[PDB]
Structure formats: structure tokens, C-alpha cells
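Just the one chain here, laid out as C-alpha cells, in the form deposited without the ligand.
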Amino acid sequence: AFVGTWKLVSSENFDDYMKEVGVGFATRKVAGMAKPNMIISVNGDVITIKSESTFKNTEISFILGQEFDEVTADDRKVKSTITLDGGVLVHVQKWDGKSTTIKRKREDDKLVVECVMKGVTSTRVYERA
């Protein structure tokens, strides 16, 4: 369902999501300009998600249900836990008393990414490269 190389097709409300997370102006602008890909692979029980763009190249590798340390593209040091829950890949990040959730869902031929922090949602839609 999730494995593949995915290209961004649309993005909505991303700047306001970033402001909620606490991202600063200069970083918001560079992140907003980018058109990342998302490359999802598996090796045994270890899942890797990579993203390449003009803003940041990032990579995380993790086991479902196992908390891990992540350094986000905007340089937050977070505690992350990623699970499958109702068929959705659910990524919770916790840092400095705050939490945000990134939901990666498969909907027909798309990978829909909903980034939620409290009342603020950004939706990014990807399709296979």
C-alpha cells in the first residue's frame, strides 16, 4: 500500500500548519517553495521514509509502535511513534510539551498526508512517480 516513490501533486494550508508547529518565517518560506518526494521502503520490520527537496533531505527508519528520536526538517528534536491504525500510517511527534500528528493514508491511487496540530490541518496529496 505505502511502499514506493511518491510525488507531490497538491498542498493546502501548509504555511498555517507550519506556523502552528512553531516554524520560523525564513524556514516556512523555503519549505513552502519545495515540492518534495516521499520514498517509502521496507527491510524486514524496519520502515524507511525519505524525502528529497530543495528545502531538506530527510530520512527516518523505524519499527511500528517503537518510539524513536527524530530530527525534523525544521530542526525540532522530537519523540516519534508511528503505528498502523485503521489502515492509516499514524505518526505522532512530541516535543516541548507539544504534539502533532501526521497521517499518511491510501485513498484509491493517492497517498494523502494530513498534518494536524490542534485545530490546524494541512493536506498534501501524492501520486506514484
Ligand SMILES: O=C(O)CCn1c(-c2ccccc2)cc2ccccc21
Contents of the next structure:
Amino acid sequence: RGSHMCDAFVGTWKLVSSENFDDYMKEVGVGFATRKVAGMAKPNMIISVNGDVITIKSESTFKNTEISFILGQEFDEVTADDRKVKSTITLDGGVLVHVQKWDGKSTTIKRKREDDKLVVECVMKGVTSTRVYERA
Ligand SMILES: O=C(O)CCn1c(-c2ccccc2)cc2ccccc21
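Could the form solved in complex with the ligand be shown next, to go alongside the form deposited without the ligand?
Full complex below, order starting with the chain above.
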């Protein structure tokens, strides 16, 4: 019912910058045509919290996705690039840490507040992409 730290993430966010995302997606194993169309997208990401359930929606010309979850409880997720993964999202020190597991592989997406931005850092082995969103 009352305020939680998680509320710093809540709201409507628009992508403003993307660095190294094509190389990150190659590491993930996204095919060419999907990478090109995904990398063009300027999604809006809508984060909300209801009781213990956090919802992250991405809306764009590429794909609309929506996940709902409870921190530390694994779920099934079909990602925007069409992987079928098992995901767990935790809050570590203020950072939401989202680990996706599929086919023996793993990718971690961290989201954090920096100034008025929500920074999303996507990591697959040694390759990192930084995506910066701002309030809509
Ligand atoms: O949250 C994001 O900004 C990127 C989400 N995302 C996307 C994505 C694509 C288009 C629109 C939003 C997100 C592709 C993708 C591939 C691998 C891992 C994460 C991925």
C-alpha cells in the first residue's frame, strides 16, 4: 500500500540513446534482419508496481512486450527478439538486475536511476550495451 524504493523506476520512459546495441545483439545471437529493425526502435517503457508485482511494458514500432513478475521469483519470458528464456529479476542495491537464461547461455540486463535518466546496461559475456531512457 505505501511507498517502496522500486517507485523511482515507476513511470513512462522514452529511449534517447543506444550504444553498442548491435554488437550486444550479435553476441546474444539475434539474426540480421531482427537486429536492424530492433536497433531502429525508440521504445517507450512503462514501469508500474501493484502490491508485490512489478510490470515492465515496452511499446515500439518493433514489438510490444510486457512482463509482470515478483522480485526473486523466476518466470517465463518471450523476449522482443523471440528467445524463450527463464528470467529472474532482483533488486540489488537499488539496481534492478534481470538475468535471462536459455540454451545454456545467459544475459544480464541491469536498470538503474542516474540523474533524471533510467540507464539500462545489457551484458552478454564481454560485450555491454548502454541504453538511456528519459521521462516521457
Ligand atoms: O530494453 C531495451 O531497451 C532492449 C530490449 N531488447 C530489445 C528491444 C528491441 C526493441 C525495442 C525494445 C527492446 C531487443 C533485445 C534483444 C536482446 C536483449 C534485450 C533486447
